[PDB]
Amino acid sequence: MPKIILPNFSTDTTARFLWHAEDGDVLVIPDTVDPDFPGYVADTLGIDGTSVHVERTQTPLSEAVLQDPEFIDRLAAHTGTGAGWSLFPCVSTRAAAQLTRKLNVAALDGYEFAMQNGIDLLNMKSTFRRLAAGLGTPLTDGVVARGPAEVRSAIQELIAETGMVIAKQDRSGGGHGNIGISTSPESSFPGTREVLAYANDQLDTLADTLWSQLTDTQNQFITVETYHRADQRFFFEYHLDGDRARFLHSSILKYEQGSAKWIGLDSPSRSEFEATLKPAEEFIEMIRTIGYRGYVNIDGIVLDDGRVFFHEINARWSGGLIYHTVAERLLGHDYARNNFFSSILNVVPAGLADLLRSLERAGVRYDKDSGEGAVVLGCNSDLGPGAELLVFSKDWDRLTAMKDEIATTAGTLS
């Protein structure tokens, strides 16, 4: 039965991972949860909430925490001898693999890889560019820049094609540590903190600005790439074990209308066909071959001329893995054939009682008999600062309508 849910990398941003829970499971959260939330999730999923436990840490789930003897003692009070227990971690770090040995739980898959912090290697943007260029995976023109002099020449070269370039921190997970560079006096860059103007004359000032903003002691690489305006954005998510890599779901990241803020996921993407699936399969099968075990997502784009490019991988939970998880649990493994889902990161925070009241006032609270409506993933999350909702429908236009009425009745943070 039970696993330890471990999202390692009054706010309730980790509450959302309670939707992974089955009977006996433990959820570790670094923040708080609304104390009615676990019971409401158990009611919606049909599991016994009294057999689900929440263990609060007063701190993010760093490697130091996973090593902490006291923290280990609080988990061991659940796992006992370890028999029947597994660890379900967001990131297969060395401490996570260590944790499975100290609890005598089922050994982390890909243990030796994680013991060498293999997934740090995979979660670098330079590593993706290199592997993909070696494999032949569709990749934008770009450079693994090793200093600001390399940044200088790379901007000069790469700015020509589209008039737009993006420079990216080598390690993390989001469009915060990326900076756009644009030729046009405009700036429309989804997934960047800021856009700067190119300037042939002031080339060494720009390169310096980009170098010192995106590096540190541990990160002396920068990625510098030609940036394309995409018709379709998409990402694919997989689960890898010693047997296969299984496509789990395609989804779409939506941004608002320099710095487009991430506002939700739409899923069943519209980019499943051979020119995307099949190079992505080849690339994922190679990260499986080098030994990674766990969840991994690869994102990309399709241009209006049909060209496909893949931008990055992340060897960890996607932000959309839970959406797919509750979609599969409420609607069945087949749900993508006849269903659509979409998330709102943007609802005005309220307590769980008031959130559900507004979904009911709107007429769109999730209804098991139709399989349609909305569920709560967070009452007060930092994801898009606000309450997080997941909405289901068998018809895409009725989904859009539900989202309007939620926004109308629950409110949005503009």
Second form
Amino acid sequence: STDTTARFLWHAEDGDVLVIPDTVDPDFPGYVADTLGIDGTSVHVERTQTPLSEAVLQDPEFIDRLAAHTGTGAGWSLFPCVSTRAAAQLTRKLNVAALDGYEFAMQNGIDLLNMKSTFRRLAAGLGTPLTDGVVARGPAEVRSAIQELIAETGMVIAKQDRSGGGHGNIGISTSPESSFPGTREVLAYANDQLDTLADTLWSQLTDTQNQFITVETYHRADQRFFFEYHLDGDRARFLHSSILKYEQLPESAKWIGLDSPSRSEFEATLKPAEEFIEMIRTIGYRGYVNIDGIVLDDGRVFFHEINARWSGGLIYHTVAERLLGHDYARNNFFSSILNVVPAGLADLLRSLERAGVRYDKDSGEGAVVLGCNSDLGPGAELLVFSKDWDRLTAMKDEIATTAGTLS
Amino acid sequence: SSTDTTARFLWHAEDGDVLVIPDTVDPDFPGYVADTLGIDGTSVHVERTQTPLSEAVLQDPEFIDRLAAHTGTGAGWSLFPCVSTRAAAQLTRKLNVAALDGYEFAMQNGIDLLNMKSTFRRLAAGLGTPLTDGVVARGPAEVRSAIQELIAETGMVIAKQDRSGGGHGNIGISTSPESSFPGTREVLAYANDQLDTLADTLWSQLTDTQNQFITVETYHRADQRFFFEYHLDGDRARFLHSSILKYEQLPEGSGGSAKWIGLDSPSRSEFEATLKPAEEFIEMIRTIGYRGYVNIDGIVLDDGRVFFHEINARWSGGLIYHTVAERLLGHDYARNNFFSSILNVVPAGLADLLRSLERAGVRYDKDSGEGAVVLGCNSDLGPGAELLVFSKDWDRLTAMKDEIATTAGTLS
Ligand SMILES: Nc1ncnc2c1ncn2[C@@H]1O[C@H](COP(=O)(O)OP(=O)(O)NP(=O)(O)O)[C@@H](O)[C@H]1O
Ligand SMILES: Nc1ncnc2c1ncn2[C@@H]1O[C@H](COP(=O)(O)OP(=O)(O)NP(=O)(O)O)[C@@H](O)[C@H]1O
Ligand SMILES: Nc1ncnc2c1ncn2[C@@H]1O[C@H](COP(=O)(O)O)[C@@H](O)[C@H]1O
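Alternate state requested, the form deposited with adenosine monophosphate (AMP) bound (shown: the form solved without adenosine monophosphate (AMP)):
Entire complex below, previous chain first.
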């Protein structure tokens, strides 16, 4: 059915392999490879019918599947989303390019990072800015932390320690007309019931491996942004910045898309995030990492986490650079729609044509398909380009009109 | 009415200080220390708590008030905590005492993220710090394949609790009895046909709710078992001392574990391959932001290889040794001096213990800066009473030691 993984096909060059647990719209590779201007027939897709997990990566059936392509391993490398211990061993076993930071990974190092607990710890000691927070160690400590952090704003967040996308986050409100981007539920504050309120907070966001909870002052932000980086033994190249776009608030806020150069890239954001990033470079992580953060109306800057993995808009950025150019951000803007009424790639391309906004190499304007049927923003996932923000906004509203969204 | 293991830290005391102990001090022991030290004894007080120094007590309103009574308005005062927990940092605030350096780091129990064995394997492996082959084991099957792969090189694997200390969480695995395992509690023979339950025996006993990691490593025989202690501030990571870790000598018996019995300081393990890597590792943890005392353990191989085992963001053991050394012989004491502790003297009343040294001819002579001093009269630090011996000469100091063992007996 779904093709939420097909999107990573845009990372592809001649000779490459993609691995998906999903399906591909039969047309989606040729289309992607025609757009990317590469030899479709020189590009492979190896499907599993079960999720892409550690067990798979260790599984030699799985392993020899890849060894068919890599054969000797010479001139082959692995391009993992999460530089896991199995992923390193997979480079070991295939005789493939050694993973960078191999040893950090072999000690499951990339899993200390990708904890919200580790983040605050690291950012307190370093001085990187943080909302007032507590790394909760149990329901008792969860109860106190809300009794204090509720007061500045009337708003508080509770994050499961290992999690992504805003999925392990519950908010705490003193006002039903407060909206919480990056939460799942939102529960109302209640002085007379907080022992019970931290209970439901404990049981829902802790398990056997995760016994730390974070609880922060939630702040209403004027800019919800993040920065994605690439790391090696020499440097951390700043890759890009984007905007976490939310909605579901009419008078809780679900994620809906990403937007191109963030309107948030000054020193007070770049410099503290860059310093933190390098310290992580120092402790060993080799690869892509991104740092979430906000900017407030008054001006205070805050950071939430690093995820040592593909930001999830890395694909957006790759696409832009492969279509528009290394420096694309200077004169271009991209933006992403989800919940587009899904359909065949053919039926998708026609509405984009019927709307007048299909990607068009001449202008550098228009939209491309990253999935006809995905779960991430359940719908078809599009990416749209424009030298002009206002044009981009019209083009999207057309794709609404012509192709159809779901509410 | 029991152990005085806490009483050793009276030797940090200066004028007007307060030491907090859950313990029992020989009622003569304070005055002996201040005396030997030269402090105004009636200035230093000792506040006995009837419970361990738990986070709840640091937060106990009566405990803090009883601390306020001495701290006054905080002005002049600082906290001198072994472990900069969160409750520690919060104490300095409600007593108006000077802020704990690294406050925010502490406020996030950073200290606790450090101090995990798994953490150390991770950071060092990322940094480059020499490690022994090993694995952060997420479960018992992992433990199985680790013991299976890691047993060969030396025939000895070690297995440790993620958050523990004093060699209490380390379980040895041996393919031969006649294995000496410094830094472990028990040693188990590795059979092939019982590597199954081996692995789940270790898993079940070295984990709990809050710990789902077990460290598994190649255990090496070693020319020297050392560590280096540092002090940390915003400006500099500060080298304090190096020290030799002394473990029990087993009569080549089918027992494996060698208990820890003492500490020799001006160590013979300070060169390029131990210092500089350790240096690099310690600076980064200053980058991440720990503030205070920390130490890094390590071994040097018969063939000259080096490996580091862990850091502890807290007082090492030998910090009181080093301290007292500084206070009695001076800052740059390691140039011309040596010291060595003892853990297993027959415990005794202070007067008697002081008789023995005199009888042995080695009670610390202020005039010559030579001889021994009591650190506790009945401590459970390993064995029993703890003493610390000084000399400008290595052989003389040893000769003083067995004099003491002859004179005051030992619990071996
Ligand atoms: N776990 C511990 N065991 C024993 N003593 C401890 C422990 N943790 C802290 N202490 C003692 O607690 C005291 C902390 O010092 P504190 O109570 O703040 O006043 P002070 O520093 O001694 N006096 P001053 O700094 O000169 O004004 C020191 O005596 C430490 O030795
Ligand atoms: N893999 C190993 N190979 C060889 N010797 C080891 C190994 N691991 C530990 N040791 C030795 O055993 C001791 C055990 O201490 P360690 O492994 O650092 O944990 P620990 O008990 O927490 N140390 P500490 O808290 O300072 O008492 C070390 O000081 C070394 O002497
Ligand atoms: N833990 C994971 N989370 C998300 N995607 C994953 C994960 N593991 C594997 N994948 C998929 O497998 C590829 C990268 O593998 P990995 O490095 O294990 O994330 C991408 O196609 C991902 O969609």
